[PDB]
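Colleague: The chain contents come next:
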Amino acid sequence: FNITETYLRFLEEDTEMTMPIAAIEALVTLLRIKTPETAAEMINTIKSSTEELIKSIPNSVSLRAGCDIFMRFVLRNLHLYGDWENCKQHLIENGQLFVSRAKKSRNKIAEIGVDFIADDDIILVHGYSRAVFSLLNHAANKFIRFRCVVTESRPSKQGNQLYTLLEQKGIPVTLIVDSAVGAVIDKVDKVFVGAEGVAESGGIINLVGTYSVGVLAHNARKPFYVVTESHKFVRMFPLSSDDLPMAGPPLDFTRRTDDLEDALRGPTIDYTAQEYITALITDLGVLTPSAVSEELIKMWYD
Amino acid sequence: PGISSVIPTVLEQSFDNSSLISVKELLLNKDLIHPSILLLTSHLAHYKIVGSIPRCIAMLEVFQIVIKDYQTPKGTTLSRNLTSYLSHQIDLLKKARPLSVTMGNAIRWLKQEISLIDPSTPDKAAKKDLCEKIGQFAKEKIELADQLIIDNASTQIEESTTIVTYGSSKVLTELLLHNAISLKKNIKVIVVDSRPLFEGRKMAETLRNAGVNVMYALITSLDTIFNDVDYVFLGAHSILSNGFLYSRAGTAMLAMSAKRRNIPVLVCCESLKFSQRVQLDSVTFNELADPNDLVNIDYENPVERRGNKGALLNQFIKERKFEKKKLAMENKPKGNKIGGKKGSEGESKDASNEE
Amino acid sequence: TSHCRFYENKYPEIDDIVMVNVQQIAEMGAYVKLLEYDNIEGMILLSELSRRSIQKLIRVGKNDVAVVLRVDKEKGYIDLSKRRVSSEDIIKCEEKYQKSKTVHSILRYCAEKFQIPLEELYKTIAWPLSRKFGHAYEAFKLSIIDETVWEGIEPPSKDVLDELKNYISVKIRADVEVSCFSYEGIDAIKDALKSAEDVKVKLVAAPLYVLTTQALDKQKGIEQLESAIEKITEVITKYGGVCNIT
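First to last, the sequence lines map onto chains F, G and A. Counting from 1 along the first sequence, just add 3 to a position and that's the residue number in UniProt numbering. Positions 237 to 257, 259 to 464, 466 to 593 (UniProt numbering) are the ones given, in order, by the second sequence. Positions 3 to 54, 58 to 174, 182 to 210, 218 to 265 (UniProt numbering) are the ones given, in order, by the third sequence.
These aren't lab readings, by the way, just hints derived from the structure by calculation. Just so you know, even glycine gets a beta-carbon here, dropped at the ideal spot from N, CA and C. Any given hint might turn out to be false.
[Claimed, not checked] Partial pick of chain G residues on the chain F-facing surface, computed with a CB cut under 10 Å:
(1) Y469
(2) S495
(3) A549
(4) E561
(5) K564
(6) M567
(7) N569
(8) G573
(9) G584
[Stated by the list, open to error] Listed next, the in silico SDA-like pairs over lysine to any residue satisfying Cα-Cα at most 20 Å (straight line):
(10) G:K376 <-> A:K61
(11) G:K305 <-> G:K332
(12) F:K301 <-> G:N591
(13) A:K80 <-> F:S52
(14) G:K376 <-> A:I59
(15) G:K370 <-> A:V65
(16) G:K579 <-> A:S58
(17) F:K301 <-> A:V254
(18) G:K370 <-> A:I59
(19) G:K370 <-> A:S58
Same shape as in the complex, but just chain F:
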């Protein structure tokens, strides 16, 4: 029936259906066909489909995290030894209810996380997450004064994409390069970030230059922010500064070339430690330091 193909169908869609929430909705559809009455036939085939999904993954982390929460909810269903049928109907229904919860959470955060941006504050924003930009838009809806500084992130050129999406709103902007990002931290009140994942330790899984931002801000004593939707938690503990799950290059040094083809190769995803984050924002209240681990301990019961 396929799950990778269902995820590939979301091309011109996105924005509303968040990348993990669309993968979770795809997991529920695959579950509801071949009877969730059996726990040997279904769960094993769900595990095989997640393994097939991980094997097809090039540079995504959040899809593995979202699977875990689904699994957890499924197991928790019939924890009351309830009827093998009303528990099943509640499990199938919690697929569309899971996607509907992404809207309700965004409604919560955009009213909570506008408080952090005070009267007339210049912001240097890095990365693009649907939660951080929704704060930025619904603060403009709240009629609050804020300036914006764009970071030239280099994955699939994200800075230019961010700049254009800020133009459509009506907020004054200018391009700042990630090389010169050190020379900006004096005319900037606060530094904001959108994460691809949040660590078990309390650190962050992010883009092509975020640790560098974290350290410079720690030097300048200027605050460093992480805002996300509460589903990007993996049981992952990157022990060192340069160790992450990869399908491509972990720093490759190429031979002598004349035509100039083999060059680009650098760490596209980088980790930053727990100390560098001043504040973290999700729908699960306002919490930062040891909070992430407590969430993971509560979920995994281990």
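On the provided structure of chain F, position chains G and A as indicated by the hints.
Modeller: Just chains G and A now, with coordinates in the frame of chain F:
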């Protein structure tokens, strides 16, 4: 009853927080104490191998022997003079060597088990099930938990890697043995050691017996060995509710250098190792030992020289003091491996409330 | 080779009780193997195996008590439950497991001696013993007191049948210190030999006699050895000598 007061060397102007004294050679004692306790106290007084983890395992086994030797009196019941006898054991242990945290959690478990079983059941039926439960407790909380640390570390360490270690922790020895033999990697293991005892030497010796590429080093020679290293493993003793690492001697020095020289620090721990007591510096509560171990020009351990040093009492202020159990700063270590898999050091008391 | 199911059919049903030896842990529950119903995997989930932190419970160690919920009789998928089994039933689950383990031990000497597959021997036994009699353990207990279950189905191996009966059924050493100072003693020792042997009695030295008394239920050898001591004392008191027995 025992020997108390009258201590070797000066009282000292700086650092006088803990007892510096005790019985090494047996003179004047009570004739009721079980000899396995008397053996362990004579062991721990001049011990070279043990460091936190094995001390409790030995303490459990000695207790298992006592219960196996225990026959309930006809007049006095089981919970009558047992707890007094155990209090005599601990007091004799305290005189020999200050207890570990894991030892305290064991005693607390045993005292809970005394209260759980009421004096009504037959005596031979009672102790038979008791030792079975202790064995299962030692299986779960040590052996099986240790194996869980092993596999957690296995995923964490990269292929073909250099590791610098310290101490004589049971968990780390078995860790490295698992790396060399069962997994078969290119592991360069460098071991460091201090002066009071040759813990690292013994670990390196055992690693040599396995056939590992081992460099052996000292604290003085650190700023040369680093300039190579990828991971640093520390032998845990106790992590407090703060998140501070209360461990052996040359630990924090290594931890500091590592943090400054980019490469992280890793600490393997047990769910029995955590405590609810709190401190922030090395001065707070220290495991002090007699300068007698630091008199000789080291090389091995017994050499007996007519050297430069000799007098401590008669000399006008010459405090040759050393510590054993020190503190590492909180932010510096990054990983902790336990019964509940993983968790950073800033999340210390997620085990104490989970129980 | 260790294979073939304990019962008649390959896959279990609903409400039937089994005993599992744990193989793995975490995530789902445990893909394992059984000791009551075949050696193939049958999975359970963490919820079921909890009731009543948990890591200390079993985690692939010994054996538990579980009841089968969902069976797939097409390719091979089994679901179980630990919680559901009542406290009165747990003792009955342990006893059926003890019965199954004794049947498996019985049908293993047969495959070792005659060098033939275990599954064919398990099939030929489980028709009058397991289906018609009730269970194979009680049929074996009936056969050792008075052979009536074994007489039904004809066995191709009779030497294996004799080896199994010998295993269900041991020599105890005995030394007699003969120190006779009599006129006639040779005829006395011959008379003592004819009463004790008719188990194995041998000569090593002139004063010492080595005899091994065979025991069926282990304690039977003591009563026969004590009877042999009584017979030796009765023999030598008349002639005019002494026999010392240890």
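Colleague: Does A549 (chain G) pass the interface hint, meaning its C-beta sits closer than 10 Å to a C-beta of chain F?
Modeller: violated, 49 Å
Colleague: At a threshold of 10 Å, is the proposed contact between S495 (chain G) and chain F supported by beta-carbon distances?
Modeller: violated, 16 Å
Colleague: Is the interface hint for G584 (chain G) satisfied, with its Cβ closer than 10 Å to some Cβ of chain F?
Modeller: holds, 6 Å
Colleague: The hint names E561 (chain G) as touching chain F; please verify it with the least Cβ-Cβ distance against 10 Å.
Modeller: violated, 28 Å
Colleague: Mind checking the alpha carbons of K376 (chain G) and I59 (chain A) for me, to see if they're no more than 20 Å apart?
Modeller: holds, 14 Å
Colleague: Would you check the hint for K305 (chain G) and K332 (chain G), treating anything up to 20 Å between C-alpha atoms as holding?
Modeller: This hinted pair is violated, its Cα atoms lying about 26 Å apart.
Colleague: Straight-line Cα separation of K370 (chain G) and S58 (chain A) no greater than 20 Å?
Modeller: The given pair, whose Cα atoms are some 16 Å apart, holds under the 20 Å limit.
Colleague: Is the Cα-Cα distance between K376 (chain G) and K61 (chain A) 20 Å or less?
Modeller: Holds. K376 (chain G) to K61 (chain A) sits at ~9 Å (cutoff 20 Å).
Colleague: Quick check on the hint: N569 (chain G) CB to chain F CB, less than 10 Å?
Modeller: Holds, about 6 Å.
Colleague: Using the nearest Cβ pair, does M567 (chain G) come within less than 10 Å of chain F?
Modeller: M567 (chain G) check fails; min Cβ-Cβ to chain F is 12 Å, beyond 10 Å.
Colleague: Holds or violated: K370 (chain G) with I59 (chain A), Cα cutoff 20 Å?
Modeller: The hint holds at about 16 Å.
Colleague: Does the interface hint hold: is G573 (chain G) within less than 10 Å of chain F, judged Cβ to Cβ?
Modeller: holds, 5 Å
Of the numbered hints listed earlier, those contradicted by the structure are 2, 3, 4, 5, 6, 11 and 17.
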